[PDB]
Amino acid sequence: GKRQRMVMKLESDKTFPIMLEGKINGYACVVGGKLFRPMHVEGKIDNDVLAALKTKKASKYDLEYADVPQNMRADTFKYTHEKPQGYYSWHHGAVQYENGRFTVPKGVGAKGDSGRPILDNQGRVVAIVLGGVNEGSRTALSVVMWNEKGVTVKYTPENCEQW
Amino acid sequence: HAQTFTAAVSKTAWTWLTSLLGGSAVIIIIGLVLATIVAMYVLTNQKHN
Numbered sequence: 113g114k115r116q117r118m119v120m121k122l123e124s125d126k127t128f129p130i131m132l133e134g135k136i137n138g139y140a141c142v143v144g145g146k147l148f149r150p151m152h153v154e155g156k157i158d159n160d161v162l163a164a165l166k167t168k169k170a171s172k173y174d175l176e177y178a179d180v181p182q183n184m185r186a187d188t189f190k191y192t193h194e195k196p197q198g199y200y201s202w203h204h205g206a207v208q209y210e211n212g213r214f215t216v217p218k219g220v221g222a223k224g225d226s227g228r229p230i231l232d233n234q235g236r237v238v239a240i241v242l243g244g245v246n247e248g249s250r251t252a253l254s255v256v257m258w259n260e261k262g263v264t265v266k267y268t269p270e271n272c273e274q275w
Numbered sequence: 394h395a396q397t398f399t400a401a402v403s404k405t406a407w408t409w410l411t412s413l414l415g416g417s418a419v420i421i422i423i424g425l426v427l428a429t430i431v432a433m434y435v436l437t438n439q440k441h442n
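So the protein lines, in turn, are chains S and G.
Count along the first sequence from 1, add 112, and you get the number used in PDB author numbering.
Count along the second sequence from 1, add 393, and you get the number used in PDB author numbering.
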């Protein structure tokens, strides 16, 4: 109920969709002065400022990143590495964090909702949704996250389908 | 006398052949060892996940 409204209030201005002949196939992320955007989502950036840049690539970690200018670094997402197990907020409701794995209940999940960040009860991004795999009743996510040392860890289960 | 293959190699040219043929192998095996150590260091730093 109110969780989706809080997601729409937090991700209103900072989330920009990716257009491809009128089709919405992905979402970029503006956090820490960086613009995260995946490889398989191909299209034009809806924002005029973020589209006229050059994104350095990382095909192993499946991420394109760039440098957000200084006049927009204050209006970004927050990020942290301290995460316990339990529940977190996602755009379609809740997501479970168990044994270092993000799980989403079924019914939701198609092609197009790639790049949506995972939020917490405070308002900090803990993961970035990149892919998903159907596991019985409860699907698992293939995402990226950080740690205490500062190494971007990409978690990928078996036989995932890119969204 | 008989014409042995590599009979007149004149040890200086053994040194030039051994340098130009062995230093390349040394550089490529230390590159492969460095690649293996970098892969293990990535798998160590991603362990904290």
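To be clear, the hints were calculated from the coordinates, so they are not data collected in a lab.
Heads up, some of the hints might be wrong.
What the hints assert, rightly or not - Listed next, the in silico DSS-like pairs over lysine-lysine satisfying Cα-Cα at most 27 Å (straight line):
1) S:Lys195 / G:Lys404
2) S:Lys218 / S:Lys168
3) S:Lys190 / G:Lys440
4) G:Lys440 / S:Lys261
5) G:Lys440 / S:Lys172
6) S:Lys146 / G:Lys404
7) G:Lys440 / S:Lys169
8) S:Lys266 / G:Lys440
9) G:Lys440 / S:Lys168
To be verified - Partial selection, computed: residues in chain G whose CB lies under 7 Å from chain S:
10) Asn438
11) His441
12) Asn442
To be verified - To give an idea of the chain S side of the interface with chain G (calculated C-beta under 8 Å), a few residues:
13) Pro181
14) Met184
15) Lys261
Each residue gets a CB set at the ideal place from its N, CA and C atoms; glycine is no exception.
Status of the hints after comparison with the structure:
no. : hint                : in the structure
1   : S:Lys195 / G:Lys404 : 68 Å, violated
2   : S:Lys218 / S:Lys168 : 35 Å, violated
3   : S:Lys190 / G:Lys440 : 24 Å, holds
4   : G:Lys440 / S:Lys261 : 11 Å, holds
5   : G:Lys440 / S:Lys172 : 16 Å, holds
6   : S:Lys146 / G:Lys404 : 61 Å, violated
7   : G:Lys440 / S:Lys169 : 23 Å, holds
8   : S:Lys266 / G:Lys440 : 11 Å, holds
9   : G:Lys440 / S:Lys168 : 25 Å, holds
10  : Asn438              : 5 Å, holds
11  : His441              : 5 Å, holds
12  : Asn442              : 4 Å, holds
13  : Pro181              : 30 Å, violated
14  : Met184              : 31 Å, violated
15  : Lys261              : 6 Å, holds
Comparing the model with each numbered hint stated earlier shows that hints 1, 2, 6, 13, 14 do not hold.
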